[PDB]
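Student: Below are the chains, spelled out letter by letter.
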Amino acid sequence: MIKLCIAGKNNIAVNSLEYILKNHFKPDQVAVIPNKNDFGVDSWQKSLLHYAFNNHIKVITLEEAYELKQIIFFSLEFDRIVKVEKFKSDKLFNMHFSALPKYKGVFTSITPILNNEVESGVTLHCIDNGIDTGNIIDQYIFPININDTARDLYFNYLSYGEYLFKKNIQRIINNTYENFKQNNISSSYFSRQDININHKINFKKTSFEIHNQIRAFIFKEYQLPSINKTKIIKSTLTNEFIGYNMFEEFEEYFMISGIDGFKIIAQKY
Amino acid sequence: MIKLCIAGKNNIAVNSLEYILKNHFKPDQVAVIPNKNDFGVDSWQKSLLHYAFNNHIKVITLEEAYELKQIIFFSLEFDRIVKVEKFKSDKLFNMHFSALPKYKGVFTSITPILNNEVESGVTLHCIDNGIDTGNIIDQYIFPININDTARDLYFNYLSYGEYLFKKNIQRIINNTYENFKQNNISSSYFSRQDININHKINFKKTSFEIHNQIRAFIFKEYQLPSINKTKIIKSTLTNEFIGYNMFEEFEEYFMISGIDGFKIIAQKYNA
Ligand SMILES: Cc1cn([C@H]2C[C@H](O)[C@@H](COP(=O)(O)OP(=O)(O)O[C@H]3O[C@H](C)[C@H](O)[C@H](N)[C@H]3O)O2)c(=O)[nH]c1=O
Ligand SMILES: Cc1cn([C@H]2C[C@H](O)[C@@H](COP(=O)(O)OP(=O)(O)O[C@H]3O[C@H](C)[C@H](O)[C@H](N)[C@H]3O)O2)c(=O)[nH]c1=O
Ligand SMILES: Nc1nc(=O)c2c([nH]1)NC[C@@H](CNc1ccc(C(=O)N[C@@H](CCC(=O)O)C(=O)O)cc1)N2C=O
Ligand SMILES: Nc1nc(=O)c2c([nH]1)NC[C@@H](CNc1ccc(C(=O)N[C@@H](CCC(=O)O)C(=O)O)cc1)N2C=O
Numbered sequence: 001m002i003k004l005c006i007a008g009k010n011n012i013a014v015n016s017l018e019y020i021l022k023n024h025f026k027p028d029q030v031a032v033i034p035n036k037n038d039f040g041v042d043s044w045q046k047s048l049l050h051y052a053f054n055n056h057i058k059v060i061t062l063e064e065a066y067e068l069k070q071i072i073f074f075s076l077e078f079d080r081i082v083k084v085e086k087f088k089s090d091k092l093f094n095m096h097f098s099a100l101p102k103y104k105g106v107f108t109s110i111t112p113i114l115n116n117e118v119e120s121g122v123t124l125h126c127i128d129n130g131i132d133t134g135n136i137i138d139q140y141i142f143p144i145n146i147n148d149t150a151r152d153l154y155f156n157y158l159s160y161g162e163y164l165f166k167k168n169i170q171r172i173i174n175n176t177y178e179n180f181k182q183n184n185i186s187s188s189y190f191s192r193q194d195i196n197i198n199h200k201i202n203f204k205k206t207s208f209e210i211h212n213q214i215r216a217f218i219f220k221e222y223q224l225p226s227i228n229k230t231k232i233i234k235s236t237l238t239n240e241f242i243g244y245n246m247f248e249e250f251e252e253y254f255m256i257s258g259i260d261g262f263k264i265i266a267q268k269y
Numbered sequence: 001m002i003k004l005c006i007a008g009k010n011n012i013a014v015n016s017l018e019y020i021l022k023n024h025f026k027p028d029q030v031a032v033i034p035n036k037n038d039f040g041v042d043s044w045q046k047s048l049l050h051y052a053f054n055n056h057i058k059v060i061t062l063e064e065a066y067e068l069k070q071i072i073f074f075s076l077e078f079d080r081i082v083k084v085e086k087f088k089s090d091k092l093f094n095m096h097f098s099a100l101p102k103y104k105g106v107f108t109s110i111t112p113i114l115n116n117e118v119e120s121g122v123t124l125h126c127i128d129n130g131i132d133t134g135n136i137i138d139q140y141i142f143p144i145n146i147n148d149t150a151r152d153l154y155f156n157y158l159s160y161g162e163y164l165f166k167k168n169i170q171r172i173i174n175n176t177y178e179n180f181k182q183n184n185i186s187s188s189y190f191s192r193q194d195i196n197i198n199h200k201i202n203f204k205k206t207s208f209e210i211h212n213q214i215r216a217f218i219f220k221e222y223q224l225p226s227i228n229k230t231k232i233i234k235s236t237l238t239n240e241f242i243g244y245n246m247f248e249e250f251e252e253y254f255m256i257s258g259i260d261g262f263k264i265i266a267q268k269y270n271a
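Protein chains in written order, with the authors' numbering: chain A, 1 to 269; chain B, 1 to 271.
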């Protein structure tokens, strides 16, 4: 019978399924539900469908997963909201790419940077009917480095999410894990509608904040930020004072300071 | 000889001037620079001008203050931007109503609540030519209570600022005080343009955030926010789960929950 279903995408889903096959369950005991963006082609992330094809793993529908008693249903960047009443099993888990209760919703590789954070986290939690609302099983908090981009932060969510899965999965399989209700205080949420991918920079902001408005949108597979109709590939912040409210466009880079006058180099594409 | 000027308003300016007359200088050694808004009347805050009237303290201008060699200039919610160059004295100080380097700029009783903070602070710093950018002498960090309004947070800035001013004034007079470069990391700023007093609430937010979007604007002397064209006087965030995305108007209050399902009681204004 199917003991475990991985729903989702990218190296966190593929590498977690690989860990299951080596340590826990046989191919005939697992199933996948790939994301709508999965066409079975490895690119800048591995395709869960391509892995399932190579490893003789069955694809199932959400409708089928509902009917499988005792299934461990694990979302690793699954693209769909499930209704937990529809499942016969109550063994429903998600890895969320933020330090819950902060930064529920989407674009979590943008929202912490854009909102001036110096740390983020990955959080293993029970699925309930809300978005990212379910009881916490485990959390790992890690730094946002001062010149990290959304892409760097994303790759960190991928590696820390994969680590936290491997840590907890035996205890999930043995039903010997605790869960804790999320706090109401410090709970925060961002929907697709809350992020403009073509963000217009506000320069009436600190250097840190102008930096953050650039680097939060550096994720080349999706987009790069533009200054004066010119793509930016990298932003570097230093504590060097060059004066307040500077803007100097050179051939290959902009030099920028905000209200507090610290040096930003925005590298052109 | 004027040794010390207090430029600004409200109980921080008045009670700081009081403590100066009480422990450090005589009336003839001190002058005030009031805000454009000061019409010598006590209300929800005391009037600096009214205090200067009662205690025979002279009003000076900025132009006067610039020429006063050796003067200690203290901005306590002063309304005027100041160029350091213009001053004979380099003993220019500001109490800023945030935990610098965060929440430089304006409406610091609103911005931390609206941006989901559970702490704020008061920072005593040297004035430089930037907005709240100058080197830090001392800082007191205090909690934003879960149901604090912007008024509550402003009242805490006044009390903790008055305390920080008192704890620090001696070493400012002796000129035996340290200052420190503000970090560039975690530096943030809001200008007046960045706050829409009348911003519509986004209900596609957590209960904490809907609660914050109401209470950040509860400050009755300036405004109350509204839901369905009724003014709200208090918001209360509970830990009670009532279901995701609830909204119910009752006679005296709105029952609201966000994307995480916690009950908020928003109390209506009621003549
Ligand atoms: C779609 C998109 C993504 N990105 C970046 C920032 C995003 O955080 C990151 C990941 O994109 P994404 O859509 O895979 O993920 P996120 O939007 O981070 O996560 C949501 O969607 C996932 C598929 C899951 O359903 C998850 N539970 C959701 O929170 O890629 C862009 O910069 N521009 C874009 O237009
Ligand atoms: C003007 C105004 C103020 N308020 C609240 C929030 C503010 O933080 C608080 C105090 O307002 P305020 O006019 O004193 O100014 P703030 O914007 O707090 O402070 C600026 O102006 C002061 C006079 C100083 O120059 C200070 N350094 C500045 O940062 O009252 C409202 O809720 N609505 C309003 O319309
Ligand atoms: N019930 C449930 N809770 C979850 O936390 C959860 C699941 N299911 N399933 C897997 C994963 C799904 N994550 C997401 C998160 C957001 C959207 C999404 O469509 N967001 C819309 C808002 C839609 C709405 O308002 O209902 C958007 O515009 O952001 C989709 C899937 N997940 C945990 O990761
Ligand atoms: N040089 C200096 N630094 C300071 O930090 C400082 C002073 N002077 N003077 C006293 C006080 C004045 N504070 C302020 C702060 C903001 C505005 C203001 O109207 N700001 C506008 C935009 C100004 C700009 O863009 O340059 C706004 O809309 O926010 C006025 C007075 N102050 C420390 O408090």
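Just to be clear, a hint being listed does not mean it is correct.
[As the list claims (entries may be wrong)] List of simulated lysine to any residue pairs, SDA-like, C-alpha gap at most 25 Å:
id : chain 1 : residue 1 : chain 2 : residue 2
1  : B       : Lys200    : A       : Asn115
2  : B       : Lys83     : B       : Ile173
3  : B       : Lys83     : A       : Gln70
4  : B       : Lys181    : A       : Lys200
5  : A       : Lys200    : B       : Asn115
6  : A       : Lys204    : B       : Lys234
7  : B       : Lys220    : B       : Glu67
8  : B       : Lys204    : A       : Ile81
9  : B       : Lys234    : A       : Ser186
10 : A       : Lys231    : A       : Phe180
Keep in mind the hints are simulated off the structure, nothing from the lab.
Student: Take the hints in turn and mark each one as holding or not.
Tutor: Results of checking the hints against the structure:
A distance of roughly 20 Å separates the Cα atoms of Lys200/B and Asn115/A; the hinted pair therefore holds under the 25 Å criterion. Under the criterion of a C-alpha separation no larger than 25 Å, the hint pairing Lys83/B with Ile173/B is consistent with the structure, at around 22 Å. For a cut-off of 25 Å, the pair hint linking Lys83/B to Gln70/A is broken: about 71 Å separates their Cα positions. For the proposed pair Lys181/B and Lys200/A, the alpha carbon gap of about 30 Å is over 25 Å, so the pair is violated.
At most 25 Å may separate the alpha-carbon atoms for a hinted pair to count; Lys200/A and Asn115/B meet this at roughly 20 Å. In summary, the hint linking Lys204/A to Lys234/B is not supported, as the alpha carbons are separated by about 32 Å, beyond the 25 Å threshold. A threshold of 25 Å between alpha carbons decides the hint, and for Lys220/B with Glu67/B the separation of about 40 Å lies outside it, so the pair is violated. A distance of roughly 16 Å separates the Cα atoms of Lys204/B and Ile81/A; the hinted pair therefore holds under the 25 Å criterion.
Under the criterion of a C-alpha separation no larger than 25 Å, the hint pairing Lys234/B with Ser186/A is consistent with the structure, at around 19 Å. Proposed proximity of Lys231/A and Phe180/A is contradicted: the alpha carbons are some 44 Å apart, above 25 Å.
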